[PDB]
Amino acid sequence: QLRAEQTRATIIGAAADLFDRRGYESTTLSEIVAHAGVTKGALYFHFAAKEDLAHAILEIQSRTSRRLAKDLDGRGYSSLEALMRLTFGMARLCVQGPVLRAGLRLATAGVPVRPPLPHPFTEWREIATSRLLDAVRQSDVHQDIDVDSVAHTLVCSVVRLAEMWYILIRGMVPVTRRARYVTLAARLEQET
Amino acid sequence: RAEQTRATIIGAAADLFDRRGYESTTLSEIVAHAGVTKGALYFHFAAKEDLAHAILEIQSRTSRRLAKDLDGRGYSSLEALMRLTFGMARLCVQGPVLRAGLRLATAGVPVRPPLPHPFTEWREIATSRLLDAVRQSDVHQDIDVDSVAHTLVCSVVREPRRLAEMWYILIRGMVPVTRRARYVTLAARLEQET
Numbered sequence: 004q005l006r007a008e009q010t011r012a013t014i015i016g017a018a019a020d021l022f023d024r025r026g027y028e029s030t031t032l033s034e035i036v037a038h039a040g041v042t043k044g045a046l047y048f049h050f051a052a053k054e055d056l057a058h059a060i061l062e063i064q065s066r067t068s069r070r071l072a073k074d075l076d077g078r079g080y081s082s083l084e085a086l087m088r089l090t091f092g093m094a095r096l097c098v099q100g101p102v103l104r105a106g107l108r109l110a111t112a113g114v115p116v117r118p119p120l121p122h123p124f125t126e127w128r129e130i131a132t133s134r135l136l137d138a139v140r141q142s143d144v145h146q147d148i149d150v151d152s153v154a155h156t157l158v159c160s161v162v180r181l182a183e184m185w186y187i188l189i190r191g192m193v194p195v196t197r198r199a200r201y202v203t204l205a206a207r208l209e210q211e212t
Numbered sequence: 006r007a008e009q010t011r012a013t014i015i016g017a018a019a020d021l022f023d024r025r026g027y028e029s030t031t032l033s034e035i036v037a038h039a040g041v042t043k044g045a046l047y048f049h050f051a052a053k054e055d056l057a058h059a060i061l062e063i064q065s066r067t068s069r070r071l072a073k074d075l076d077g078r079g080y081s082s083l084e085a086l087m088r089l090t091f092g093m094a095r096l097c098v099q100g101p102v103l104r105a106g107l108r109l110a111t112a113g114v115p116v117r118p119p120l121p122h123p124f125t126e127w128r129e130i131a132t133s134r135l136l137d138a139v140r141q142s143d144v145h146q147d148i149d150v151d152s153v154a155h156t157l158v159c160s161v162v176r177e178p179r180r181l182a183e184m185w186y187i188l189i190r191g192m193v194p195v196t197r198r199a200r201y202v203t204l205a206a207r208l209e210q211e212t
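So the sequence lines, in the order shown, correspond to chains A and B.
Numbering-wise, the first sequence is residues 4 to 162, 180 to 212 according to the deposited numbering.
Numbering-wise, the second sequence is residues 6 to 162, 176 to 212 according to the deposited numbering.
Bound conformation, chain A alone:
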């Protein structure tokens, strides 16, 4: 059993890589099993169908982003700092995580999300929104900003990161608090 249980990461990785480069609809179980170097039995031991590989990848993206959001809100940061760190953080895990790229690709396409797993974009919007409200509440973002709209755009925008942050910073952050944020965006770009 141990052997079988041990192949699941490989199969996910293999399917991630293929879904990310070649797309979901065009990738088959057979392609996946040959890339992974395992048998069909090994694959069926963990997943009954292609869709199950999809929901597992989607599951990992959702958990990954929810974990990072939670971790970053427990470290004494201001909300906008947390939000900024979160965009750069996600970007760092994606540049090095095929699974997340595959998740992204599945989410961007019409690949359904099995309830109660919410669609990652609405989850990313929720995070961005609550973070922006707090930032408004802490005077880091103008009181008149329409948060909803920026969350909606921000999510689309994150999917150059520093350069985007600079524009938002100039346009939504009060003059006296800008510098700290411009500095952080620079440091995070430097650090990733």
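In short, the hints are calculated from the structure, not lab data.
One thing to keep in mind: the hints can contain errors.
[As the list claims (entries may be wrong)] Quick list of the computed label-pair ranges, beta carbon to beta carbon:
id, chain 1, residue 1, chain 2, residue 2, range
1, A, 162, B, 211, 28 to 34 Å
2, A, 47, B, 145, 55 to 61 Å
3, A, 99, B, 118, 32 to 38 Å
4, A, 31, B, 145, 48 to 54 Å
5, A, 115, B, 202, 39 to 45 Å
6, B, 147, A, 210, 16 to 22 Å
7, A, 147, B, 147, 23 to 29 Å
8, B, 55, A, 78, 50 to 56 Å
9, B, 29, A, 78, 39 to 45 Å
10, B, 25, A, 119, 44 to 50 Å
11, A, 118, B, 120, 44 to 50 Å
Each residue gets a CB set at the ideal place from its N, CA and C atoms; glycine is no exception.
We have chain A; now place chain B onto it with these hints.
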């Protein structure tokens, strides 16, 4: 007659690709939704990809046209660009073809040359206009046009409220103080109009 039938098939396919996705939509679905025969559909489109192509063709051609209607009105480049974005926003709320276009682009459906990929198109048009704006001194020389173009596209992809909200933010961050009010009011005026 023929062409009207063709267009209704396009519209039906578009509405379905938009609400239900490209992959899960069937030619049989499209057929019933359009009120035609399978024969009529296969007379105008040999395959489901031919429906995608015609939708994308309509998308790119509406886009290039709107850009062209706006270009001959003596506007400043920043004004033209701003007007273009609100036009596009308005077009998306009107018929489903543009909605389907996006959905197709985002679904990962390949665009048959020589037609360019919508995102690529939208980015070039925005970028070229932003570059003219800098030259015209309505936008700071040190702005990152690419990031701005991206933001603009993303603010559209309600919609007029969101496009306006994002415009104000960009205006505060890229337009010289002395030229801001003209654009703030323009943005505000376009939101109310569209």
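That 48 to 54 Å hint for residue 31 of chain A and residue 145 of chain B (C-beta), does it hold up? 51 Å, holds
That 55 to 61 Å hint for residue 47 of chain A and residue 145 of chain B (C-beta), does it hold up? 59 Å, holds
How does the Cβ-Cβ distance of residue 147 of chain A and residue 147 of chain B compare with 23 to 29 Å: does it lie in that range? 26 Å, holds
When you take the CB atoms of residue 29 of chain B and residue 78 of chain A, is the distance between them in 39 to 45 Å? 43 Å, holds
Residue 118 of chain A paired with residue 120 of chain B, Cβ distance criterion 44 to 50 Å: Given range 44 to 50 Å: violated, Cβ gap about 37 Å.
Does 39 to 45 Å hold as the CB distance between residue 115 of chain A and residue 202 of chain B, or does it fail? Given a distance of about 42 Å, which is inside 39 to 45 Å, the answer is holds.
Does the Cβ-Cβ separation between residue 99 of chain A and residue 118 of chain B fall within 32 to 38 Å? Holds, at about 33 Å.
If you check the beta carbons of residue 147 of chain B and residue 210 of chain A, does the distance land in 16 to 22 Å? Roughly 19 Å apart at Cβ, these two residues keep to the hinted range, so it holds.
Would you say the C-beta atoms of residue 25 of chain B and residue 119 of chain A sit inside 44 to 50 Å of each other? 22 Å Cβ-Cβ, so the 44 to 50 Å window is violated.
Cβ-Cβ distance between residue 162 of chain A and residue 211 of chain B: within 28 to 34 Å? Since the Cβ atoms of residue 162 of chain A and residue 211 of chain B sit about 30 Å apart, the hinted range of 28 to 34 Å holds.
When you take the CB atoms of residue 55 of chain B and residue 78 of chain A, is the distance between them in 50 to 56 Å? Roughly 54 Å apart at Cβ, these two residues keep to the hinted range, so it holds.
Of the numbered hints stated above, those contradicted by the structure are hints 10 and 11, listed in ascending order.
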